[PDB]
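Next up is one chain by itself, shown in structure tokens, the form solved without this ligand.
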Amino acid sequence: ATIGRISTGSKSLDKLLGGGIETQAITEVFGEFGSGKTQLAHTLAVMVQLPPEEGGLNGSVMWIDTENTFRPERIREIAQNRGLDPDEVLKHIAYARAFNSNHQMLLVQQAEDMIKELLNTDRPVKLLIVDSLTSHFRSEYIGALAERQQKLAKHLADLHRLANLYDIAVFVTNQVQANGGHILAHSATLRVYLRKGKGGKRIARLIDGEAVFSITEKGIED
């Protein structure tokens, strides 16, 4: 399959990303608590449902939530302010809460079943969100880094396989700050560092220019 792009809703961030986040790729966004990672996830879950002329892929979404941070009312607000019907947008997001890291891993295997079911339809899965990817692994393996890395490596391998095999954009969030957190090393296809700037701005940088955007009723925008 060709590489699809999902617009982030911000022209600045899209330019930094060459058009948007890619299918057949894992995009890892990392940064401190409150940097806007979950807002970017919510925005992408709407944007992917637009037609390609507006930066979407007419896609369905699967969301794996580990911190109870998914907000249907926020999806509704973004959808309404992106010219979509909020009920339809929400119906096309399959939502699952991961109880722990082992359940999180099983949920990725379960996601493959729905991906297969929708593959030949007009609304195939095009976006798989894991928010937060690392939180359960970090809390379950305090003092056992070597074992955390083994499990994380398998989980990321599962996600890579789905992205490539089914032409999906995988979008993962990772909290990293002074008092805790670790970037996923070189495992992601693309690493994006997100941070707060002066005046409510959010700033994004690729981690081997900067994009600037705001969090608004449209999700994010320049």
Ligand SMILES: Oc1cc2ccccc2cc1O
The other form holds:
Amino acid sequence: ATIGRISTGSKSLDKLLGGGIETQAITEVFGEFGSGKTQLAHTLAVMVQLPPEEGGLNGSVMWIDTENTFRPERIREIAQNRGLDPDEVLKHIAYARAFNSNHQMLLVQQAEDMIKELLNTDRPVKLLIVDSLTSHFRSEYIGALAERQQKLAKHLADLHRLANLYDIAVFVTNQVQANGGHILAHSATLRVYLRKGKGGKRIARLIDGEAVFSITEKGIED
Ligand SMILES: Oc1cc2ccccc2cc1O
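If the structure you just shared is the form solved without this ligand, then what does the corresponding form solved in complex with this ligand look like?
Starting with the chain above, the whole complex follows.
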């Protein structure tokens, strides 16, 4: 398949990304608590449902939530301010809460079943969100870094296989602050560092110019 792109909602961020986040790729956004990673996830879950003329892929979404941070009311707001019907937008987001890192890994295998079911339809899965990808692994493997890296590596390999096999954009978040970070090392297709700037602006930079945007009723925008 050709590489599809999903607009982030921000022209600035889209330019930095070459048009938007790519299908057949894992995009990892990392930064401190409160930097806006989950807001970007919510925005992408709406944008992907637009037609290509508006920066979407007419796509369905699957969302694995590890921190109980998914907010349907926020999806509704973004959808209503992106000219979409909020009920339709929510009906095309499949949502699951991961109880722990092992359940998170099983949910990726489960996601493949729904991906296959929708593959030949007019609303194939085009976006798989894992927010947060690392939080359970970090808490469960304190003092056991080598084992943590083994499990994360298999999890990321599973996500890669889905991205490439089914032409999906995988978008993952990773909280990194004071003294923290192996990030996801070199595993993601693309690493985006997100931070707060003056006056509530958010700033994004590719790791391996900078885009600037705001969090608004449209999700994010210039
Ligand atoms: O109904 C489902 C929703 C999911 C969401 C994320 C990952 C896997 C899922 C599997 C489901 O059957």
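Between two forms, the rigid core is defined as the largest C-alpha subset superposing within 1.5 Å. Shifts are known only where both forms have a C-alpha. Positions refer to the first chain, counted from 1.
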Problem - Cα displacement of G197 between the two forms reaching 2 Å, rigid core superposed - result: no
Practice task
Examine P51 after superposing the rigid core and state whether its CA is displaced by 2 Å or more between the two forms.
Solution key: no
Exercise for the section: Please check if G181 moves between the two forms, taking a CA shift of 2 Å or more relative to the superposed core as movement. Expected result: yes
Fill in the blank from the handout: Superposed on the core, the Cα displacement of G18 between the two forms in Å comes to 0.2
Practice task
Please identify, after superposing on the rigid core, every run of 3 or more consecutive residues whose C-alpha atoms all shift by 2 Å or more between the two forms, listing them in sequence order.
Solution key: 179 to 182
